[PDB]
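In structure tokens, the next block holds one chain alone, the form deposited in one PDB entry.
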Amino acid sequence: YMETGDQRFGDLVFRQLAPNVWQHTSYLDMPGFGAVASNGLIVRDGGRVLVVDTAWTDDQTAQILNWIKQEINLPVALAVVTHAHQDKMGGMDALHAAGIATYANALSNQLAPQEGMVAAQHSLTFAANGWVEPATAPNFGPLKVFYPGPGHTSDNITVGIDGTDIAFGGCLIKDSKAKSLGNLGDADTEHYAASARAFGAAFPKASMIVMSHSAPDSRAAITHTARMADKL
């Protein structure tokens, strides 16, 4: 397949990362930071779609689904949400209104309501090696869900996509050229370096790491993240 150009649809941008995979990107102006990109994933598996997180708001999340209707036109079977923050969870209401089953780390679930956000309907749990208990993850298809341990946040979870060299660190992995690890308030600084490495180990073949706030990087984002994290 030939590279097609990145599609502007409403306030959203969609970059195709593979034949079955797209990155959705949405923006919100934060008080001093200007307009802040947030990335997510859309994944076409056979005759159904899977979504990785939401946009900043219920309204942009609705735009995402309209985009899926127009450009793909297959039912969205479910969404997985990688940690609790307005950028990942702020569109839960939109998903619930559309009838879509939502999953999050059991911990993201306990946390969201306090954050003033809507929880996912379903709670994922993980084995000691960090792969999801398959009982709690019905038919996730190509989606491979992994909990590295307490990270940047205690709830961060991550995912790769079978069939591809793609893997999504979310809030955990930072740009290879990053000057800081950013906000450590919910971070576990003892385990942060370990978490970055477990993630890399979990997805050893992944050549494309999709970042929460920036353009997908190579594995260098991981090693760079782990090292910065060893300063703590």
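Between two forms, the rigid core is defined as the largest C-alpha subset superposing within 1.5 Å. Numbering follows the first chain given and starts at 1. What changes on going to the form deposited in another entry:
The comparison between the two forms, aligned on the rigid core, picks out a single residue among 198, 65, 41, 181 whose CA moves by 2 Å or more, and that residue is 181.
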Given for the second form:
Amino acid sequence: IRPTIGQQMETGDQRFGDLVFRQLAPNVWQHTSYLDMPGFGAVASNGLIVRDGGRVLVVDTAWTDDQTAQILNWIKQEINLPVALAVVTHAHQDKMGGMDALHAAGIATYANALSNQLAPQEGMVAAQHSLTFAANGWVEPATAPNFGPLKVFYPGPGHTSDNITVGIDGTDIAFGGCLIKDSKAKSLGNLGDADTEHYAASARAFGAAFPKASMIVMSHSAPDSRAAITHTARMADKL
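After the form deposited in one PDB entry, can we look at the form deposited in another entry?
What comes next is one chain alone, with no partners or other molecules.
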């Protein structure tokens, strides 16, 4: 009995080690990893895995190197294709905590230049390559070679000064990272590094960058429809 990963994922989300995986589209999966906070519930963070022909692309690490190695084990077991590159979406632990695991696997890594400047100070590891964005927010294509379906956009400062977002061409999916929370969220999470003045505008900019994306994928909520974007901007309005 040798079903494909797609066939297996019809049963629903799949636990793998300490992670959870969910198929969002035929070649796109959401990875979820958890930070234990002693005496409280474990904090979930989501990223993406994209099968792009004969290679795999990753958006965001897990919280730690070990959890990120678990992601790479899942990819080997279920997809059995090489991981070419990763884009990581700001200098917080949930997004860049596992860079050492990616680098040791021979994966080429990319982050906002600002994320690469901030990370080492914070005890994290910079990505190998720096993305630069035009004033309009779109990544300068020269800094994002061979990204396949990934379309990288800097929406402005919000959740953090460096936060970036990723559309997946050929699908209904855009990844807001930690900028966007779902349409039922009571909180924007920890705003300690947030630009509270510009947050709402940056959430709006994300929605306007990916107008055809009907599935919004987020770090700290399950996937939602586009109402997540204006809900988040409403929660961020005049903080």
